[PDB]
Amino acid sequence: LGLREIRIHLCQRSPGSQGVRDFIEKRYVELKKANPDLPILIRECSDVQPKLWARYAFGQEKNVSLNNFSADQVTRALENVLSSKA
Amino acid sequence: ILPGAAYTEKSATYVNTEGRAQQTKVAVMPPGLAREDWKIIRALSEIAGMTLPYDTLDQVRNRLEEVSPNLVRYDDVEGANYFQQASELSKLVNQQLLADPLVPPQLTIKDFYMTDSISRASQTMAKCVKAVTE
Amino acid sequence: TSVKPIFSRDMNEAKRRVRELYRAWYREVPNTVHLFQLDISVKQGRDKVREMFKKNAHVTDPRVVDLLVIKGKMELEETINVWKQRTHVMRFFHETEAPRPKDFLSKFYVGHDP
Amino acid sequence: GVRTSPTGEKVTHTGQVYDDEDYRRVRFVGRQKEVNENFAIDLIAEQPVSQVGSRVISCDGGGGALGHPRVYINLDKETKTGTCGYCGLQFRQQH
Amino acid sequence: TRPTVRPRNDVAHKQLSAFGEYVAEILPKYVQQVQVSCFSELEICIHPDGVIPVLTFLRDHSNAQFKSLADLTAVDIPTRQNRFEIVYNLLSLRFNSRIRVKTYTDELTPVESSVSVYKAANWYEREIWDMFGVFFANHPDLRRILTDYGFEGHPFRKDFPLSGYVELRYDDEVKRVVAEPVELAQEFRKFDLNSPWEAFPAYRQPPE
Amino acid sequence: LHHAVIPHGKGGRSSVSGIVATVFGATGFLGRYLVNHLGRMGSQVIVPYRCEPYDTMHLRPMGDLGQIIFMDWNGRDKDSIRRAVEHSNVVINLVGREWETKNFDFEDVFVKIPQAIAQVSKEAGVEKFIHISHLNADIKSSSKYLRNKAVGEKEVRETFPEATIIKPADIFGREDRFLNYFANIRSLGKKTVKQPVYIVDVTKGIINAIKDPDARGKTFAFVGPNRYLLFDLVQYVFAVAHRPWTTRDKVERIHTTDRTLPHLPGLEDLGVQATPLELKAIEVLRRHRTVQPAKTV
Amino acid sequence: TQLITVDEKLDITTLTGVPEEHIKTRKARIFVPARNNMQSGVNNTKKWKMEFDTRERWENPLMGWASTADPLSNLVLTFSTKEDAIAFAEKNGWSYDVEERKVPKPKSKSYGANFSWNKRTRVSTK
Amino acid sequence: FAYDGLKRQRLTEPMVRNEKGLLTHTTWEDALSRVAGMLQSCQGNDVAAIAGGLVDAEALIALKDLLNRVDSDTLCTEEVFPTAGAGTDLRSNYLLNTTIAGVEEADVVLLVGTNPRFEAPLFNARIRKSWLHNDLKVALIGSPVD
Ligand SMILES: NC(=O)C1=CN([C@@H]2O[C@H](COP(=O)(O)OP(=O)(O)OC[C@H]3O[C@@H](n4cnc5c(N)ncnc54)[C@H](OP(=O)(O)O)[C@@H]3O)[C@@H](O)[C@H]2O)C=CC1
Ligand SMILES: [Zn+2]
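Respectively, the protein sequence lines represent chains C, E, B, H, Y, Z, S and A. Here the first sequence stands for residues 13 to 98, numbered as in the deposited numbering. Here the second sequence stands for residues 560 to 693, numbered as in the deposited numbering. Here the third sequence stands for residues 14 to 127, numbered as in the deposited numbering. Here the fourth sequence stands for residues 1 to 95, numbered as in the deposited numbering. Here the fifth sequence stands for residues 7 to 214, numbered as in the deposited numbering. Here the sixth sequence stands for residues 1 to 186, 195 to 252, 278 to 323, 334 to 340, numbered as in the deposited numbering. Here the seventh sequence stands for residues 8 to 133, numbered as in the deposited numbering. Here the eighth sequence stands for residues 269 to 414, numbered as in the deposited numbering.
Hints listed in this document are in silico derivations from the structure and should not be mistaken for laboratory results. Just so it is clear, CB atoms sit at the ideal spot from N, CA and C, and this is done for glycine as well. Check each hint, because a few of them may be wrong.
[Said to hold, decoys possible] Derived DMTMM-like pairs (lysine to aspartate or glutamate); straight-line CA-CA distance at most 25 Å:
1) S:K116 to A:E373
2) S:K56 to Y:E214
3) E:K686 to A:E373
4) S:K31 to S:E58
[Stated by the list, open to error] Listing some non-contacts, in silico: residues in chain S with all C-beta distances to chain B over 12 Å:
5) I11
6) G24
7) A76
8) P113
9) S115
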């Protein structure tokens with residue numbers, strides 16, 4: 013029916029999370045201003061691979077690996093998540 | 560009423576104020592027909608026809624890692640960055656400060672001993688309150 | 014990673030010994046049902062033998078299955094020679110034990126065990 | 001100092017009595033609940049307080065080596081008597 | 007230190023140290039350690055390939071003549087990767103002496119049976135099969151000796167629990183003694199008895 | 001629900017099942033295996049006994065320490081019945097005789113004593129009451145046994161309206177009087201159809217009727233899976249037993290066909306698979322030894 | 008040759024005679040035991056221990072005793088290192104969790120700091 | 269010393285309301301059936317959840333997944349944290365980000381609107397140890413508590 017929350021898991025230090033870090037340092041603020049009532053949970057952890065969880069209506073969760081992406085690839089995957097709403 | 564387990568009665572993840580996830584261990588079992596809490600919710604999900612995809616405590620912790628992976632890295636403080644972005648988001652709505660002074664709800668030792676349901680059910684905490692109120 | 018064998022150099026000799034032990038148990042089951050005057054059938058005892066062999070079917074170490082063949086030969090020697098009584102033969106059939114709760118919900122109802 | 005519950009069951013010196021709806025009373029049906037009727041808490045209250053002229057008294061419970069380990073009891077509090085932690089005999093400084 | 011202290015026997019200590027040197031240099035292929043305790047008992051710690059050559063030496067050498075096998079023993083020490091410590095206690099009646107021969111195995115490596123050296127070993131290592139699970143290769147009749155006939159597990163392993171996994175009772179429905187999972191009306195009460203203060207500074211292990 | 005009667009353990013001998021059972025007639029054939037199956041769960045079992053205490057000795061290994069309480073009772077003494085039932089949460093009635101005695105006829109054993117036990121259990125606040133009738137209980141029956149047992153079923157139903165009444169057909173086991181009767185008779197063959205039920209099936213049905221809250225107020229018919237004619241059943245008994278005390282009421286009951294009651298629930302509605310005779314007739318009749336199975340209908 | 012090459016993982020679960028319920032549902036805990044804070048002695052914090060998850064203890068109906076159905080309720084194993092305990096748990100098919108050794112960090116102790124000229128670490132009594 | 273409250277006032281059996289409106293004891297089957305029959309008749313904002321103070325993360329994600337199967341996001345806590353701005357999206361704006369141990373590294377502590385003596389007594393003990401040994405400067409904005 014629609015998207016309910018977004019979860020972005022990433023590392024603080026790993027290079028595979030680097031573009032994901034480059035997404036949050038630059039493009040997260042206007043993302044949150046564009047989606048004010050959508051919870052976009054950024055969860056940093058020690059050695060995790062980057063990951064984009066999209067929980068939809070009735071508990072359905074899609075799962076996108078963000079490993080070794082640039083900030084533009086994270087932006088395109090996240091806007092595919094925002095525009096899908098499946 | 561669904562009788563649940565207390566913290567001494569279940570292996571259970573709690574996260575402190577600094578983000579360090581920790582787990583209790585089972586010291587005793589719950590009394591009577593009381594059960595572990597997620598066991599109750601999972602049994603309810605199976606009765607309701609919306610059965611959740613976990614059966615054991617390790618599978619709950621795999622789900623718990625899927626939602627935020629620092630909840631299963633025990634005795635680890637995961638550093639959280641991005642104070643600048645939260646500060647930029649906090650400058651959007653200018654909420655007004657009230658003129659009421661900052662008063663904590665616990666001013667003296669009297670207000671310390673009874674805060675939750677275990678402390679309010681404690682006869683020792685009741686003797687402590689009676690000893691500090693006299 | 015270089016260990017000393019027990020009987021089998023690899024898994025093929027080990028499967029050969031497993032297979033001969035299964036042949037010996039299969040031959041012994043009717044005599045065991047007869048002389049212990051068991052209340053089970055020969056088919057039921059052979060199904061129990063097949064169950065006990067398939068319980069260990071995941072093992073890939075030649076020394077472990079050599080010890081399993083050795084222990085199965087010891088159990089067979091205790092069965093052919095009347096060293097077991099009827100009680101020891103019938104301990105493979107957990108008949109007085111009530112069936113355990115299998116699914117999540119009945120284990121939730123009866124107690125705390127996962 | 002034994003008493004009786006409304007079920008008719010005797011209460012022990014611990015305070016143990018089964019409830020009315022407790023099934024475990026059936027073990028006493030046709031049999032008896034063995035209680036000891038010499039409650040030690042009542043018998044040590046029957047002993048008189050020993051008036052001594054010292055500030056510190058020693059108690060071994062009587063009989064020397066047949067009693068308890070010898071302990072020393074301070075008697076500086078005039079509000080409270082000095083009680084032996086082993087035998088419960090209590091002492092008072094007479095001044 | 008006269009009345010309450012055990013008197014030290016330095017003569018037997020020196021003699022057993024010399025004989026331990028003797029055994030270690032006659033048999034360097036298998037001898038790993040030689041030690042003499044403060045109460046003068048000699049231990050020869052050997053490689054398990056030399057069960058037969060060392061024990062046949064001590065049985066048959068003219069300066070050893072350890073003709074009697076007093077005892078054969080396993081010890082389970084789970085923190086070692088070779089958790090089982092096979093212990094031979096030998097008696098020389100000629101030289102009025104005792105020696106201890108120690109070796110090791112894990113769950114899966116067979117130890118060579120010493121029935122060809124001492125026939126006394128025939129039941130003892132059979133007991134080591136029953137209690138610990140150590141297989142003895144080329145044993146004449148290796149089987150259980152002390153446990154019940156359908157007994158699962160090896161009880162003197164330290165990960166085997168004190169009460170077992172099953173218990174017996176007579177069941178009148180099947181007219182038979184049956185085995186069921188063990189339930190105790192009173193659990194065995196585990197006592198944590200160890201003082202947190204060091205007792206023996208002479209046995210202090212070096213720290214990390 | 002009181003704290004001492006909450007179930008605990010893994011259902012073994014030292015566990016607590018939460019069942020406090022007073023089993024009248026526990027010293028008989030059904031009571032043997034019922035006290036066995038209750039005591040292996042860790043139930044508190046009250047055994048009121050009429051007989052010599054020696055004759056209760058076999059009930060003593062069946063449970064953990066203090067889990068079987070023996071006490072004297074008399075069938076014509078409501079004080080002893082109240083003394084036996086007032087702590088129990090289930091009362092099972094297994095009082096029966098195949099013959100009438102000098103002091104007890106079929107009306108005493110099947111009408112007076114069950115109505116007394118059910119009335120005293122009702123006025124003592126016992127939650128569950130289980131009564132054992134017979135499948136062929138009928139008011140217009142030819143045997144005095146089945147007539148008085150139908151009358152006693154009616155009186156138990158009307159004085160304990162939530163009683164679980166159970167109809168076994170013909171119970172076979174090691175201590176039965178059905179296969180052991182046919183094996184020691186060495195009466196004839198007629199058009200009588202029987203479906204005998206196995207004793208462990210009956211015991212599992214009784215204990216599932218204790219645990220099921222839906223079994224209150226019901227009437228169950230415990231029958232075997234296979235209906236047999238009487239003649240080839242008796243010939244199968246003489247074939248398994250390697251063969252080439279009675280009364281006329283017992284003869285009327287052997288020549289009474291086991292009726293079919295499809296409207297009543299059975300062992301399958303309590304989760305019990307009815308064991309056929311051919312799996313268990315050897316276990317019964319091995320004692321009588323100094334086989335093609337029987338034809339079903 | 009007289010030696011074979013087994014590259015498989017060491018697993019003895021089919022040989023130990025342990026029933027399956029007490030292999031795959033138990034959680035071994037590998038840990039250096041915490042010091043009893045009633046005492047200053049540290050000799051009980053030297054070795055690694057393996058225990059299991061505590062199961063149900065209930066009241067005996069006859070005596071009030073603590074009845075259990077857990078065979079592993081009193082099983083405490085001692086190990087010299089963490090890796091020995093991990094190897095023993097993996098060898099026996101036990102799912103385990105490991106807590107790291109908590110050593111007390113080195114403290115800076117100075118008796119003269121009790122009597123400082125200008126710091127708050129002066130003791131008001133002694 | 270609050271562990272003796274753990275053996276009083278305890279919920280030991282499932283309770284449901286009877287015909288008189290009183291909580292009576294029942295089985296797990298009946299209680300979970302009466303909850304699940306109402307849960308199946310809910311959807312969206314028809315069902316919500318409040319988490320208490322002593323709830324572990326396993327039951328939290330349990331009830332979150334259960335209410336998300338009903339398409340309910342209304343899972344609340346009793347303690348109010350402001351969701352304005354970033355809210356709970358970034359972990360840093362609701363953590364003790366320095367650490368408990370990082371108090372030993374600080375030289376100025378500003379306490380705002382808190383009585384850490386009773387809210388978090390060993391955090392206050394760490395502040396006192398830094399006060400005593402590191403000459404920590406502590407300031408408080410709030411009522412002058414001890
Ligand atoms: N084939 C079967 O067994 C079937 C049996 N039933 C019914 O099931 C019930 C149990 O059967 P079952 O075990 O085989 O019968 P039993 O004859 O073996 O045992 C009956 C029990 O009732 C007791 N009892 C008998 N008469 C009296 C009395 N006057 N006062 C007190 N106690 C008495 C006996 O005690 P004691 O030892 O002291 O005499 C015994 O414990 C009976 O009601 C029977 O009619 C129903 C269908 C089939
Ligand atoms: Zn005294």
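Hint-by-hint comparison with the structure:
For the given pair, S:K116 sits about 18 Å from A:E373 by alpha-carbon distance, which is consistent with the 25 Å threshold. The hinted pair formed by S:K56 and Y:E214 meets the criterion: a straight-line CA distance of about 17 Å does not exceed 25 Å. A threshold of 25 Å between alpha carbons decides the hint, and for E:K686 with A:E373 the separation of about 38 Å lies outside it, so the pair is violated. With a C-alpha separation of about 15 Å, the suggested pair S:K31 and S:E58 falls inside the 25 Å cut-off, and the hint holds.
With a minimum CB-CB distance of about 5 Å to chain B, S:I11 fails to clear the 12 Å threshold, and the non-interface call is violated. S:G24, annotated as away from the interface, has a beta carbon of chain B within 12 Å; the closest lies near 9 Å. The Cβ of S:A76 sits about 9 Å from the closest Cβ of chain B, inside the 12 Å cut-off, so the non-interface label is violated. The Cβ of S:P113 sits about 42 Å from the closest Cβ of chain B, beyond the 12 Å cut-off, so the non-interface label holds.
Separation of S:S115 from chain B is adequate, the least Cβ-Cβ distance of about 47 Å exceeding the 12 Å criterion.
Hints 3, 5, 6, 7, counting from the list given before, are not met by this structure.
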